[PDB]
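Presented as structure tokens, the chain that follows is alone, the form deposited without 8-aminoguanine (ANG).
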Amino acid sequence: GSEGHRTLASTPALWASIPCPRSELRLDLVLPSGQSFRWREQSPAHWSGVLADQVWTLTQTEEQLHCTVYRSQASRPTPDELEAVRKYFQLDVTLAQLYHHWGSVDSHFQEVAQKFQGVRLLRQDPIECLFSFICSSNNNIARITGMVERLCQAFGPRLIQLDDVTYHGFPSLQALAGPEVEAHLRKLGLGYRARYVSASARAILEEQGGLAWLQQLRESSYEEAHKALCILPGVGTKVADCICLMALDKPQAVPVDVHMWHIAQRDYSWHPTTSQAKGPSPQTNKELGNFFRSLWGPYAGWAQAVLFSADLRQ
């Protein structure tokens, strides 16, 4: 009863509400591995994970976002705690407003977007996002989720246990920088990315000024930020964009990959013009990214998320 993951039905007195229409947010479209890889629908329509260093379970109704915290006497979330939720979902950004603009300038978005309202971007932690996406390169979402999970089990701070699940917070730079971590990661299956995680941790900590460095990029320019990020091992343009776009408040960053070429090509008949080659290449990927930035504007990245959600569901 008071054990296991909670539910809106089962322990009512424990949930608080955040005004939020399913049109402005769709948990089933945002939390599935892709932006973050740490949320799990442990119970239908109920997603659990670590948010702001505590475990929560989120579920929604047609006009309400219900939340629940596990921290020591159990109680519905406090108001401030709920804010952390709004900050994470960047609720002050109005999806209706953004969708309208994109629709206005792009008939195809206009079409496709209808069935997939409520796709926004999570404001993630630089560290987690950096390393989560270092694991994403030349890989698929299934393995990535697995890799990230093992990584957090083995190196992240132990949080609280629900049923047979012991939550962990994302590892720290120090942790990831520790000795013999690479051999450890290799044993978890991150393959060659094992070294990348190990090296980027040490690199940040011993060559760029530590944690503060990343935290400074939130204030720098996308151009600068993306630039700086590329230094780290296993971090190219793509991963650099993911980080800028999902944790460094750079909403115009557009992560270009084979996925995107497919969309650019079959939905816009897009061709590289000022570039050289006909297929994917550093110059051509740079172009594809510019194409969408001028087509969608300042929040191009957010827009891309919408097409990706609608696409995969087909």
Second form
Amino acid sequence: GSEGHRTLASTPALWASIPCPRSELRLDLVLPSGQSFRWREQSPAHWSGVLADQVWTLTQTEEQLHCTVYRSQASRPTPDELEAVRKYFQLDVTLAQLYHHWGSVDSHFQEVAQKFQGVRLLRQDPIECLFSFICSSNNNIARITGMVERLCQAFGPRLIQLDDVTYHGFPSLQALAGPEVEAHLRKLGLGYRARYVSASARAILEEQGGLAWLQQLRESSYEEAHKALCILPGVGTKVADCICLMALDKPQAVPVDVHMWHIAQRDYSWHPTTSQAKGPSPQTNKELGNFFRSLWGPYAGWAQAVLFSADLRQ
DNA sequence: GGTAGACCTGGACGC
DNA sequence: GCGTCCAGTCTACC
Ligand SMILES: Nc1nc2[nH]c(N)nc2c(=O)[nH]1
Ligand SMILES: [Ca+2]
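For comparison with the form deposited without 8-aminoguanine (ANG), kindly provide the form solved in complex with 8-aminoguanine (ANG).
Shown next: the complete complex, the earlier chain at its head.
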């Protein structure tokens, strides 16, 4: 009982709650949907992963989000620690207000959103988000998840061990810039993205001024941020958009992938207009992004997450 | 400025 | 069982 991944039932005294209705968040729809790749449902309806340099397990009831953290004497999450979670899930943003608005201007959204509530955006660490999505290009969520895992296991700080699972913090820039990192990543199966991670780690550290350069984009403008990211190797329109949206507070950023193209064509009968090409291309992708923004507004990136997540459930 | 394949790696087909 | 197909970014021309 004292060992292994905790459960709300097995270690009651070891869980603190946070007011949060299923309407505001659905762990099962958010955590495995390709925003963050480091959450695993170790026990049914119980998700474990690293949050703010500590390992947590989370599970929810109808109106509560149950949180438990592994740090020395096993205690309960403190009010400050719970605050780290509220920030991770950006709980100050009311999902119901957004859903209402989107559903109100988009018929199709209302339709889909009635069966997929609780899909919101995680507020992620810039570095993890950056490299995690560099590994996402021309790839599938299942594969990306393993790559990210092995990556953290090889270059990330070892945290704690639950059962046979050893958790690691996300690798530092210096670590990812180290010697022979690409080669090691290749043996780890990242394919040609091994070089991207390495190259981008070094470019940021030995050309852009380092971490301060990234962290600073949060205050910059979507246009600026997205522009600056494409500098980095392996970071194109999509990855840049994912980073802006998921880690830089750019809620209007709309990543364009295979899923968003299908959704556009199938549910909106969309077609590029200002672009002569009628298939994916730097031009058409850019236009699609604008179309969704024009369609959903300032939080288009969040609306996009709802449909994207629902489109995975096929 | 705007299109072609080429591209690591498996799960999933189709044959 | 073996050969496609599929889940973005970059480069080589046009
Ligand atoms: N459009 C889009 N593509 C994605 N890829 C991954 N991995 N996550 C997303 C997402 O949220 N949106
Ligand atoms: Ca594709």
